[PDB]
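Missing here: one protein chain of the complex. Every other protein chain is in place.
Labels for the chains are A and B, by order of writing; each one numbers its residues from 1.
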Amino acid sequence: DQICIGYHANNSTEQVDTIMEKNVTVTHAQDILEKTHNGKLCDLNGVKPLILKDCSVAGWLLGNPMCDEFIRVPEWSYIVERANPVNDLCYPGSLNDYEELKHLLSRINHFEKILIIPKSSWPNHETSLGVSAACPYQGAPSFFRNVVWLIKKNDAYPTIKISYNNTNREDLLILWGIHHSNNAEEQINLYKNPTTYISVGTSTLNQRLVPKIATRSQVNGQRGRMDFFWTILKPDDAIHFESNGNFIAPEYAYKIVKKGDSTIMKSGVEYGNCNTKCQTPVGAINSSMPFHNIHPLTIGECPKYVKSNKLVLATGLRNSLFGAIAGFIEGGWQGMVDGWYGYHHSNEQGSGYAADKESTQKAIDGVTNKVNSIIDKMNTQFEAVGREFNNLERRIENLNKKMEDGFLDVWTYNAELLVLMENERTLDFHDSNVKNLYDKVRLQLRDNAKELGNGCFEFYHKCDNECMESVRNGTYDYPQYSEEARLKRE
Amino acid sequence: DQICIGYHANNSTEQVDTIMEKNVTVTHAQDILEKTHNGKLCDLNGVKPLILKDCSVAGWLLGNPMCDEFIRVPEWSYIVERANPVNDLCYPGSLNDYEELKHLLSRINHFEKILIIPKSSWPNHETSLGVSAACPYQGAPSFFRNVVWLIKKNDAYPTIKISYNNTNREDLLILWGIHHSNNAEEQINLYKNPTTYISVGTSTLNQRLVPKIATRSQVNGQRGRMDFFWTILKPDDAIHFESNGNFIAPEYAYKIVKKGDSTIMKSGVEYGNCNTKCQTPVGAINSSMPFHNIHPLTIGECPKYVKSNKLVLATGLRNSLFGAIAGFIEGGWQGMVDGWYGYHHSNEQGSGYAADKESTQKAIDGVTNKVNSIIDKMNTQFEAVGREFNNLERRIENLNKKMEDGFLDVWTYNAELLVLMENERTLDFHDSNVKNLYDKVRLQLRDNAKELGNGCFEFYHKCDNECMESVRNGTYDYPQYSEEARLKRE
Partner (left out) sequence: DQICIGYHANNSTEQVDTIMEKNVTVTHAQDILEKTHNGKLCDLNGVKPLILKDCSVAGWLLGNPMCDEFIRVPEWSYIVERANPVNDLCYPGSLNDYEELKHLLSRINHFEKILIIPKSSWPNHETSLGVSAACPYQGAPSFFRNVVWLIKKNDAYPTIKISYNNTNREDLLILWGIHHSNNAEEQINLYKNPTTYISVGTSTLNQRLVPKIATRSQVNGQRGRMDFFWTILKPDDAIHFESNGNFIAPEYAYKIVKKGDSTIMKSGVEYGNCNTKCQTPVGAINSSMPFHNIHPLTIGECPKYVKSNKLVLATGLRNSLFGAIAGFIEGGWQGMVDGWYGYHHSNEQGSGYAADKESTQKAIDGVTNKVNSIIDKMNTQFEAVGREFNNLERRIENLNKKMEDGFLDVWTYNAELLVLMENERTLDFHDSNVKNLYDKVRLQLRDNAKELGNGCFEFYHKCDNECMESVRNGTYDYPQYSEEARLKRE
């Protein structure tokens, strides 16, 4: 007749890591790392992204004739740009402050293209010959569609003076440019006037552009260049243009109607007619996990990114330090299904495994609260944001990279170290709960049984099946059976 | 006759937190998080801040007529600017490198304004007509006070050639500007010469400015603009000006006399006739706490800033795992008052509580060192710093924000998780102490007493007051009571 104290065992092969031991097989564990993605671009909470295909942001905004698909865009959730878009600037040149514009686009969800300067507004200039073979449409020379390349009419280019007063209640993004002619003859053939300028003024802009007539290398078959500029025209302000040549004038502008969180994503994976709450450039995530290792650059409600390949929290015991688990109790009980700790009883009346629901719920509550506390502390982590730099901005670009990679390393260490330390603490917690139950039965039985040291108490007397129950309840009468044990001794 | 091992209990209501359990009621605790402020701006270590009221830094340095109170400014400890000061550049335009200038002022505590170019130096130019209705003073057109808007005199504007040599040993801040006229007629009416320039040279400066005569929107009633510039003139260098018009000459310049720690605080909170060692834009801090959650931007000897709402360290024990505290000892004793651990005796002469000074003093040292160690580990933390950016520096501004918020989240997690883990260890430390003291007494008594299971030992022999003390003294003589206890065992 004997009562035993033991712990759960099963056939779980899930492993966890600790500071002192790797690949410790536990009865119960919880993965906290998401490692899977649907491999496709999806709508973000019902709203489709804007996929520019082979067109860049500059080709869309200025109206590269190969980008007609986006002459009018519905509202987007985010913008997808392929890494090296073919249709960028059909006519060689530049777009000033291009990275500051992209940063501004990242906080905009909808444009409305409005005509602000009709071509009828230029009665004394030519508005139909401003085309180039560098900007082909259907094999024929063309140009950007949102601006107009004005040239001379009847061998004259009168001085332009025009003002647009923004009458909408939303800000307007407006683009214009300057053409850099190739030589003094071409300068005259196009604009007649040999010494030209472009003036642009608002309440804050005070720009003067002068053509640079020089020899340059051919790009897209052209030695000329076009330098484009942009501004944000505030609701009740006006923009004033003055030019005697080389003016690429605004025709259409963009009314910024919806502002909100967005990003310009560099991805080439295809749209998949799906919805998600979390998008990465490699694919969407559907997960309640607190961590993921898919990609740093995400948008939406996402898990926290880590470079970890494994993040598994030990919730259960060591499968088959305080000296109980794998100590004087050498192995787990597979026949014990309910509860994490309990007793095995043996007498003439019967035999069976009985769980200690009191000690078990204490352990489940603590183990569960630890998992919740761990998840809660990682709500506020560093999240990378898309910042673009140009070729003479390589120091701040490198500072950016080192900062974003720095924080990511800090949080990767924080997540992996916390799991290791608390896994160790959790295993030691189960070991302590078993010994406290072994000491609960002891100091209650006393010399009514000999403690064999294997976790069992060999009763010198005999126990009813209800006798074993009373100790499991926590109340047991030592004097009632004190007499039978003395005779059994010797 | 018995002796019991037990621990402290009081009417404390303080709650601390651990990884497994929230809201644990302990007997003693140490809050480390200051959460209150006086809601006012104050002097810093006896030095008043420079409150610019509604004047910008630009308005003070150039000398907006609305800023005349700041003509002579005493030494300051920090500068207070409203978020949108209304007295800023009364004549529209810009101040070049204004954020870089604000950055220099953050390391400056006092200027000495000096007259470097008197109006008598302009005998062939008009010095009393450079006024505008955009810069009103007392119901008449006026102008910035520290610069001079020079005009043609007798319908002439002879070329200016002037040098100022810094003969002071202090660095000199000098400001000048250019006026952009509105059309060719106004250019003649103001400065007879139609084609003008400003040249400015030092040992490192080589600047040429040319007015931009174009049409702009009216701001503060003016379609003109004034662009201002600045430089620091080293102690033996000279600045050389040449101009045939549109020149806004210096008159007064600022000698940097005191360099040190200061900040451009942004706040509209009022001055409260107070002194502090620690100042935030929402209020001043008077605390010895190691942490605060008032505001990231502080100046002076301040606590470390965290986003936490609660940061309370456990120092005492759980109020009313090794298995003693709330284990076989069901609860603490209110009647034990001079220590955390001790004994309760009961004999024929009476009863009473006694604290074990040895074990309580060891636990006090360990708990105090843990508190001190945690404060010391938090000595070096991220300190947010005011850095300013303009409308086309939003990428770097966004970089700055994410870095300062990212370090804040890292150190907030560190503070909170360390308090959680160390609070758990502290409670288990108290529980272990009590078990080791229980075993210490169990070691002396052996079979001369009985282990009840609740922390008490029922003596088999008679133990008077001197014998009770010997068990507390650690000098219990077992052989002196051997036979009586053996007789009582029957």
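Keep this in mind: contacts are C-beta pairs under 8 Å (C-beta built on N, C-alpha and C of every residue); 3 or more make two chains touch, one makes a residue touch a chain.
Visitor: Which is it among B:22, B:208 or B:310 that touches the chain not included here?
Guide: Spelled out, the listed residue whose C-beta touches the missing chain is B:208.
Visitor: Out of A:323, A:331, A:350 or A:352, which residue would touch the omitted chain in the full complex?
Guide: In the complete complex, the chain left out is touched by residue A:323.
Visitor: Taking the entire complex into account, which one of B:7, B:191 or B:407 touches the absent chain?
Guide: B:407
Visitor: Of the residues listed, B:373, B:454, B:465 or B:473, which one is in contact with the missing chain?
Guide: Only one of B:373, B:454, B:465 or B:473 touches the chain omitted from view, namely B:373.
Visitor: Quick one: say which of B:14, B:97 or B:170 touches the chain that got left out.
Guide: Spelled out, the listed residue whose C-beta touches the missing chain is B:97.
Visitor: Please output the residues of chain A touching the missing chain, sorted low to high.
Guide: On the side of chain A, residues 19-22, 92, 180, 212, 214-217, 219, 225, 227, 307, 321-323, 327-328, 392-396, 398-399, 402-403, 406, 409-410, 412-413, 416-417, 420-421, 450-451, 453, 490 touch the unshown chain.
Visitor: List the chain B residues touching the unshown chain?
Guide: Considering the whole complex, chain B reaches the absent chain at 97, 99-100, 103-104, 161, 163, 199-203, 205-208, 237-238, 240, 242, 365-367, 369-370, 373-374, 377-378, 380-382, 385, 387-389, 396, 399-400, 403, 407, 410-411, 414, 418, 421-422, 425, 429, 432, 435-436, 439, 443.
The rule is simple: only the chains that are shown with their structure count from here on.
Visitor: Report the inter-chain centroid distance for chain A and chain B in whole angstrom, where each centroid is the mean of the CA atoms.
Guide: Whole-Å distance between the two chain centres: 31.
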